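Before any questions on how it binds or moves, here is one chain, the form solved without the named molecule, in structure tokens.
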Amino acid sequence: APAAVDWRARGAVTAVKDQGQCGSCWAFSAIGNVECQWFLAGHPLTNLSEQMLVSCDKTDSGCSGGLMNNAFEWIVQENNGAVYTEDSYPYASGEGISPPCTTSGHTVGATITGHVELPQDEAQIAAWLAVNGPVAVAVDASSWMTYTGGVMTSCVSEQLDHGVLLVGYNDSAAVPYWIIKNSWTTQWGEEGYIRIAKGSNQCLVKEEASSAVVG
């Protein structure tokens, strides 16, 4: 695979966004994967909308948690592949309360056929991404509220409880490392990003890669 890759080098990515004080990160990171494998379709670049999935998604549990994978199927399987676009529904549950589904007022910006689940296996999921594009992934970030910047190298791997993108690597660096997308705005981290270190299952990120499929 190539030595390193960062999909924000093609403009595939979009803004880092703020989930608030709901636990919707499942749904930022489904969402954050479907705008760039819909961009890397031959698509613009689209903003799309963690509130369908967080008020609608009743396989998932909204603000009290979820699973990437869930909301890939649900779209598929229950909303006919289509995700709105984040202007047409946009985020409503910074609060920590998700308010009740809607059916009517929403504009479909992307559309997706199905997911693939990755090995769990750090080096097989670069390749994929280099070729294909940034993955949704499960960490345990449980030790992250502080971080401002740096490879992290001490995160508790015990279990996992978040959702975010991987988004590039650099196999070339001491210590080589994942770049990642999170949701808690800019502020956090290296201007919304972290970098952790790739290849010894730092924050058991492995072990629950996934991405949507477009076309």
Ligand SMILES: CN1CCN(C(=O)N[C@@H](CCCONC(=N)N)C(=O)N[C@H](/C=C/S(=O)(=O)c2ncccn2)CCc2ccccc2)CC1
Given for the second form:
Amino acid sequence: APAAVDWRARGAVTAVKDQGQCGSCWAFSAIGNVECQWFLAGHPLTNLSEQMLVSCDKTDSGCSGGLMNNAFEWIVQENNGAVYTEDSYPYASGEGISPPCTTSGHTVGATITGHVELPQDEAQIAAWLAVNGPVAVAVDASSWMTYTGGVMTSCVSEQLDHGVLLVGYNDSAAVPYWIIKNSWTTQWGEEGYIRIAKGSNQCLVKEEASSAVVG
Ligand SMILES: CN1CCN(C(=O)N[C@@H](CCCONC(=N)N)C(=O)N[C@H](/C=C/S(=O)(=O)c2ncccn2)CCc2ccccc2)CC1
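Can I have the other form now, the form solved in complex with the named molecule, not the form solved without the named molecule?
Next comes the full complex, and the chain you just saw is listed first.
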């Protein structure tokens, strides 16, 4: 595998969002993966809607939280693969309250037909990520609210609590690292991102990794 990857530099990744006081990070993770799998599929960079997931995906629990695998599953099964634009199903859950489901007013912004579930193996996750792009990942973010910058190397890693996006890594570095999109504003972390150490299952990042498949 290449010694370093950052899918952002190829412009594959959308602007860093804001989930609000709402445990909708599973939605932000998933949607971010979709935005990226849809870009790389030859299509233009389009902002997609987490609100669709939060309000409509009943297989998960809205502002109370959820899984990404279920998000993907639901999109493909109940929503026939269709994911709406963000502009036409905008986020209205910045206050821990999620609007009910609406079925008119929107516009389809992407298609996925399934998703894949990655080996609990950091290196394969990495290789794959080099070949196919950004990966939704579940993580322990317990030590994260105190992260200002750098390669965090002392992660509490015991229970998975968060949903974020792997956009790349680096292996040449002194401390090898992952490169991670967060849905807490760009005013958090490294302009909305965090790097953690690659190689030790920091934050249980090798655990639940998956990605929507566009085509
Ligand atoms: C049955 N059960 C319980 C609910 N659930 C779940 O919560 N999953 C996580 C995703 C991690 C994926 O894998 N995890 C594992 N396999 N164990 C989730 O949705 N976490 C959200 C946001 C937290 S946040 O950091 O983004 C945040 N919230 C509020 C303000 C700022 N930041 C947690 C949701 C939540 C937690 C406490 C209070 C409110 C909301 C799936 C399985």
